[PDB]
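Visitor: What follows is the residue order along each chain.
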Amino acid sequence: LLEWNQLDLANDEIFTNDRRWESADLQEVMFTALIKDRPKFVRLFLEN
Amino acid sequence: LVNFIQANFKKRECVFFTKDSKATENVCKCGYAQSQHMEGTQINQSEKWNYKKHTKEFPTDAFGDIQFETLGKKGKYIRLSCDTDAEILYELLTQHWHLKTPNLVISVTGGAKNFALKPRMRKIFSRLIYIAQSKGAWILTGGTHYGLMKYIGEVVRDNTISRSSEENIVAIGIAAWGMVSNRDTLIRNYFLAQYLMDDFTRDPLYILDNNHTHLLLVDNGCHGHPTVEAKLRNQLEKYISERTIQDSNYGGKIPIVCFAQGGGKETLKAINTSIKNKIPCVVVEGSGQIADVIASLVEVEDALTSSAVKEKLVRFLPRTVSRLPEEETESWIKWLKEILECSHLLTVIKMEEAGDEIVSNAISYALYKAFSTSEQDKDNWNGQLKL
Amino acid sequence: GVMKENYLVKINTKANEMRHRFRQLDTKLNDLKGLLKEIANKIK
Amino acid sequence: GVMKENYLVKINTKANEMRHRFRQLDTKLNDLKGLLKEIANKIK
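If you read the protein sequences in the order shown, they are chains L, Y, F and G.
To convert a position in the first sequence, counted from 1, into full-length UniProt numbering, add 432.
Going left to right, the second sequence walks through residues 41 to 229, 235 to 432 as full-length UniProt numbering numbers them.
Going left to right, the third sequence walks through residues 1057 to 1072, 1077 to 1104 as full-length UniProt numbering numbers them.
Going left to right, the fourth sequence walks through residues 1057 to 1072, 1077 to 1104 as full-length UniProt numbering numbers them.
These are calculated hints, taken from the structure and not from any lab test.
Where hints are given, some of them may not hold.
[Claimed, not checked] A few chain Y residues that face chain F, going by a derived Cβ cut-off under 7 Å, partial list only:
| id | residue |
| --- | --- |
| 1 | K163 |
| 2 | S202 |
| 3 | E206 |
| 4 | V393 |
| 5 | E397 |
| 6 | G400 |
[Unchecked claim] In silico DSBU-like links for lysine-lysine, alpha-carbon gap of 35 Å or less:
| id | chain 1 | residue 1 | chain 2 | residue 2 |
| --- | --- | --- | --- | --- |
| 7 | F | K1070 | G | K1102 |
| 8 | G | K1102 | Y | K431 |
| 9 | Y | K382 | G | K1102 |
| 10 | Y | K423 | Y | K116 |
| 11 | F | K1104 | G | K1070 |
| 12 | Y | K382 | F | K1097 |
| 13 | Y | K423 | Y | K175 |
| 14 | Y | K379 | F | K1097 |
| 15 | Y | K414 | F | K1102 |
| 16 | F | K1104 | Y | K323 |
| 17 | G | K1102 | F | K1088 |
| 18 | L | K472 | F | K1097 |
| 19 | G | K1102 | Y | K163 |
| 20 | G | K1066 | F | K1097 |
| 21 | Y | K140 | Y | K423 |
| 22 | Y | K321 | F | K1088 |
| 23 | F | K1070 | Y | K379 |
| 24 | Y | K175 | F | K1104 |
| 25 | G | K1093 | Y | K323 |
| 26 | Y | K323 | Y | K310 |
| 27 | G | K1060 | Y | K395 |
| 28 | Y | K158 | L | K468 |
| 29 | Y | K140 | F | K1066 |
| 30 | F | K1088 | F | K1060 |
| 31 | F | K1070 | Y | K414 |
| 32 | G | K1066 | F | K1088 |
| 33 | F | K1070 | Y | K382 |
| 34 | F | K1104 | Y | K158 |
| 35 | Y | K357 | G | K1088 |
For every residue, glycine included, the Cβ atom is placed at its ideal position computed from N, Cα and C.
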């Protein structure tokens, strides 16, 4: 979803209260959002 | 202060050993290891362990001023039992801790972990904390440093930093003593407890919040058992609602409002108990989990069948209802039915009405609905107008 | 930092109607169509 | 004072559409949904 810049889909499906994740679990996804210029996903990971 | 706490507050310990085969290692049924046990610990012949019979009450030994980081703001904490009454708890809070009588009490019972910092929810809770500060209100949250409680503490700290000359914000964190991670530092060696969490490792136990003004760690003499502080929180809320103060603009009683947002079984139980205790509840729409279920249920005006509630539950909480068995699902359906049975004591912050002062509007509407559905509303023109 | 948070909230609120009203009308129309279909199925 | 009353009326009238039309449409949709529900209940 990040490679295609689908922020709404990620918010609706990936990041939900039903699922669980950790801050260190999305380190590499944060790096590849930074280097691929995905500001919406940077903001999503920051606020998640 | 210390003498009153010692002579009025007590702790609990696993005094009868009831180690279970399914339990790991050879710890008590309470979860405490045999080495970490009180002196003269007998072994119970019965295979059933309870906190009332197989547990003994002993004077508390974990209270005082809690400290975080290195030069951070000093907090407060106290270890106490579930059987502890609400009268002397209120006495300790007000008289022996120098807390003004609240003109409003907000019981924030939301998601215990994984809270999304969406701008809408951020604005909603910032407005809620601003209202609490303006009205001189108390915020009753959990003491854990996770999710919504962490953001509430952060907003409280921000408000204290911004307006130092304004009224102080009281943010009581009612947690469980059996889930505190970095324990053995809250026990007394006047005394300041350093709850350092920078070097704390990753453990299943909860971590106390650093920005909460006060902490009420409820101890049932167990370890690793959550949902222990709920009983004492409900009793304290009931006492606050039943409390009478002559200087009140709410007909002589302290206003009490339950703020719900998402959550799971614990949030649903808290909402049900608040509804039972005649306490208005405010549910924020768009939060998912149980809050959106309640919003959808109160939006409709059907015959309140179990099929609709089950459909809403599987729509908003698919994985949870899939995991829970049939009996638990039936109990949840009964809880939602009980909550919806009293639709007057329920206010929803609609997503469409995303304007300004939404939180104040919802809280005022809940308070006015509670006032109208009471014996005072018969001829309280002045009281309703002033409210 | 607190002032920046307030300023960000202010600019976000100022950035934010007709779309919400249109969505509500569409949802109401869809609900009415579903109710009519259910009534027709029950009658038939 | 009379002139001030006229001026206040004028500015109030100038201060004051789409919202009224949307509210009327929502009320009409709600009435239609209620009528459909009543018809379905009578048929069933």
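Visitor: Does each hint fit the structure? Answer for all of them.
Guide: Hint-by-hint comparison with the structure:
1. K163: holds (6 Å)
2. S202: Nearest chain F Cβ about 5 Å off; hint holds.
3. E206: violated (13 Å)
4. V393: This hint is violated: Y/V393 lies away from chain F, its Cβ roughly 15 Å from the closest one there, beyond 7 Å.
5. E397: OK, holds: Y/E397 within 7 Å of chain F, min 5 Å.
6. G400: Because about 9 Å separates Y/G400 from the closest Cβ in chain F, which is outside the 7 Å limit, the hint is violated.
7. F/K1070 x G/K1102: violated (50 Å)
8. G/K1102 x Y/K431: Distance ~47 Å between G/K1102 and Y/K431 Cα, so the pair is violated.
9. Y/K382 x G/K1102: holds (27 Å)
10. Y/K423 x Y/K116: violated (43 Å)
11. F/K1104 x G/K1070: violated (55 Å)
12. Y/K382 x F/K1097: holds (28 Å)
13. Y/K423 x Y/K175: Judged against 35 Å, a Cα distance of about 26 Å means the pair holds.
14. Y/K379 x F/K1097: holds (31 Å)
15. Y/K414 x F/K1102: violated (39 Å)
16. F/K1104 x Y/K323: violated (46 Å)
17. G/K1102 x F/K1088: holds (22 Å)
18. L/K472 x F/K1097: Cα-Cα ~41 Å, so violated.
19. G/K1102 x Y/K163: violated (47 Å)
20. G/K1066 x F/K1097: Violated - the C-alpha atoms of F/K1097 and G/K1066 are around 51 Å apart, more than 35 Å.
21. Y/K140 x Y/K423: holds (31 Å)
22. Y/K321 x F/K1088: holds (34 Å)
23. F/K1070 x Y/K379: Status violated; Cα separation ~43 Å.
24. Y/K175 x F/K1104: violated (59 Å)
25. G/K1093 x Y/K323: Holds: G/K1093 and Y/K323 sit about 34 Å apart, inside 35 Å.
26. Y/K323 x Y/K310: Between Y/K323 and Y/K310 the Cα gap is close to 20 Å, so the pair holds against 35 Å.
27. G/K1060 x Y/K395: Violated, at roughly 41 Å.
28. Y/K158 x L/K468: holds (23 Å)
29. Y/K140 x F/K1066: holds (32 Å)
30. F/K1088 x F/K1060: violated (40 Å)
31. F/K1070 x Y/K414: Holds, at about 32 Å.
32. G/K1066 x F/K1088: Outside the cut-off at roughly 38 Å; violated.
33. F/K1070 x Y/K382: Given that 35 Å is the threshold and the Cα spacing comes to 40 Å, the pair is violated.
34. F/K1104 x Y/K158: Violated: F/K1104 and Y/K158 sit about 47 Å apart, past 35 Å.
35. Y/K357 x G/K1088: Since the Cα atoms of Y/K357 and G/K1088 sit roughly 27 Å apart, the hinted pair holds (cutoff 35 Å).
The earlier numbered hints that this structure contradicts are 3, 4, 6, 7, 8, 10, 11, 15, 16, 18, 19, 20, 23, 24, 27, 30, 32, 33 and 34.
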